[PDB]
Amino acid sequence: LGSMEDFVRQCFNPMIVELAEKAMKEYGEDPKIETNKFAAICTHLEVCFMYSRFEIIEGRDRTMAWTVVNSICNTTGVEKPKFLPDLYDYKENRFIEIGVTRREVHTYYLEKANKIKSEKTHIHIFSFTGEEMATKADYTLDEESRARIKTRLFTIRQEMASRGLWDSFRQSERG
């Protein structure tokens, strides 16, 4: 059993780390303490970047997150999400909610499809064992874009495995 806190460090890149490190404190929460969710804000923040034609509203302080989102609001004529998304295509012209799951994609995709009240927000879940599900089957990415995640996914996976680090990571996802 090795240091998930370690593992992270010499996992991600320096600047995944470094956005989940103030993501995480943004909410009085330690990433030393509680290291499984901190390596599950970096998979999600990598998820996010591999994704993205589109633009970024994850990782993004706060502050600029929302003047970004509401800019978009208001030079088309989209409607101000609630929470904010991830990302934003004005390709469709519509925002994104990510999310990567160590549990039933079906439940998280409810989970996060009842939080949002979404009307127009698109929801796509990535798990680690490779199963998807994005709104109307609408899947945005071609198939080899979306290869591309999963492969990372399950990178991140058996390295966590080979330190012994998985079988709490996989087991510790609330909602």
Contents of the next structure:
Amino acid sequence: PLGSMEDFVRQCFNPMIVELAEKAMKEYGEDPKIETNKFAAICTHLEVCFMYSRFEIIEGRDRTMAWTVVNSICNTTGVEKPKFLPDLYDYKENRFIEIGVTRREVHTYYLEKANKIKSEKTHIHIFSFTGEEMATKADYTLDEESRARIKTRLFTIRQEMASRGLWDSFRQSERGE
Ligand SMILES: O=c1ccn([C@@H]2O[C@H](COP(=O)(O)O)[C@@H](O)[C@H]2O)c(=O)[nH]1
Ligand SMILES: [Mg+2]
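Can you switch from the form solved without ligand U5P and show the form deposited with ligand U5P bound instead?
Once more the chain from above appears, this time first in line as the rest of the complex follows.
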């Protein structure tokens, strides 16, 4: 059987995650009931951001609050202000971080992200549903254990999707941003 991705999302992500992901989609004219593969990808990326985070979370916040927090950091510190909202701030390494979760080739996604943000200061850390990862300057920020826990959660999501006949389509549907 092929299950419903909306039903999977609502049952297999934390509701706080789901709600924030709905907001994020409603904000850009996308319907979580329609673009369900995207809805799941959005929840996944949110969960990864929250797992990864020492850190200020930017992702998930209303855009007004998110920019307020970003500007607040950029002038408590003196870090260059990003052109696009990042996902986190690392107080230890004094840098913003963009987090990616991809079902495509990690190098492909990494450079897409590098080319969009055009920043020499923002760190990029990409995770795949395969266990592969790629991070700016081969600086992985977190310890082995913390990153293996992220990759393990990605395997759980994938296998749960597979269980419901959802992985095939989900894995094939990612486009460039
Ligand atoms: O609140 C959000 C908004 C986006 N995303 C996921 O991250 C993607 C890109 O966000 P970023 O990788 O540019 O942060 C979003 O389109 C979606 O795939 C989230 O997890 N939470
Ligand atoms: Mg983001």
